[PDB]
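Okay, so here's just one chain, in structure tokens, the form deposited in one PDB entry.
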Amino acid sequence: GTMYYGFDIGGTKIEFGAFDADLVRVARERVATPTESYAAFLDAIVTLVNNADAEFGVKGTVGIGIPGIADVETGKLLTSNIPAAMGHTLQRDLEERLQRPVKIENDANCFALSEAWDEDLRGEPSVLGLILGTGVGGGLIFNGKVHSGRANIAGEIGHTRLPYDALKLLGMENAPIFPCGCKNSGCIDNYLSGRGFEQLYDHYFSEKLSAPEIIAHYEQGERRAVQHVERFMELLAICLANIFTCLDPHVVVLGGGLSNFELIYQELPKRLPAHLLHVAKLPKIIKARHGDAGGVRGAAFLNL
């Protein structure tokens, strides 16, 4: 047998999955993420692998999804959310202990790869995963394989600046220029995310509603929320059309909180054509199938 193991590392939990040669899930496990020592963090992962190995009588492949990246030169984890593993050579430590290769990828990449491997999307020459939550996260898939990038930065679409046409819609010099955690300004991370949705409402209407609350007022017909959504759908169209002119994805999968706003799936095909090239055609744009359980699938599939 071939066996693919996947780990999704969260601040609170570690999710584990084993997948057979047909990508059928044959093991499922959730343990607390050790916040204490690094040795305990290692122990959690290593014990899960060795048990699965015994149970299935194989040496499964090992893929890991992390909220952050491994420094492409040192191997050191850059993950503010996992205190125990922050600054450790996780790949090297596990490869020594597990006597086999280990792949570690950002969760945005794992999300994308999970979606891209649905029976529906296999064969697609390219898939772009977008996560619209606290920030804008991206994962670029080409022929079923994660493009990680030179420094494991590929898909950081969130830290691209508002294009000219988006600035024009927001009023050029009068357009709000939001600060970014990357210390840059005008990043689309603070416009097209759930947080961005909120921030833009607050700027123009001087009130702090959460995204679900703005959406609720939209549904009731409130002038302000209707005006916001109209602005936002257009801004989303403009920004994505820019990214699509560069990337031309076959399929675009949306995840994270704001991906729940069903209006996006009807309004994007209507507003995109005006901003794409005349000869350009619309990608298939769907909501993510796997919600939160994608991380393990994606992690496992790093080794297909």
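Superpose the two forms; the largest set of C-alphas matching within 1.5 Å is the rigid core. Positions refer to the first chain, counted from 1. Compared with the form deposited in another entry:
- Relative to the rigid parts that move between these two forms, the hinge contains 290, whereas the other entries in 290, 165, 31, 149 stay over 12 positions from any hinge.
- Between-form comparison between these two forms treats the chain as two rigid units and finds the smaller unit turned 23° relative to the larger, from C-alpha superpositions.
Output the structure of the form deposited in another entry; the preceding block shows the form deposited in one PDB entry.
Chain only, nothing else included.
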């Protein structure tokens, strides 16, 4: 039988998953992300493939989802989330030290592919998978196929700069201009992420709270948190309206930590129309149907 393996490699932990011909998840393991050695990164992955090869008596197709980009020419990763990985040719290493073809894909692309494979979305002309978590990431699907881009950068909406209307909301020349991991400044990755949410609160209120704690205070109706959340929802709507005016997606699926903030699903539909073109219609906006598993599933499904 056909087995499909998937890996979701994150900053803090690696997640492994195995799916059978019916796509039933028959294995799930989480090891910590080995950092400060790349010998140790590599090992963790080939470890899990091997264990699983034995345990099911086969060697199945392999897919990897990682944050950042495999250079379309050299094969080397830009991934400032994973110190241990950066600069290496991850694909090639695994491809021989495993005796079979390895597919590699950006994490947001895996997420979008996982969500779009749902029966409900499979025939939509376009799907945008948006991760609002550690960073801001996008996966573009057109007629069921990932658009990965000339250099594997398609959907890197997190490294676009705040638009004018967002800057105006945040005070124009007084707006906080956050530095970015890509080395540019004012990229939305640092505003609409969970970390961006926290940095914004701290900028206006001079207190170093976590997103969950701000949100808890919001649910208690506390004044600063209510003001922060109003500002954040308007900022989110402005930024997304700019993106939707370019992409006009049929369905937008949200993932990552902030996708669990339920107010988003109420506030986005109310706030987007003001920033969209007058003749625009709202996309269908939905919370991820597979929770946190999109990375693993999409990585495995690269070899469907």
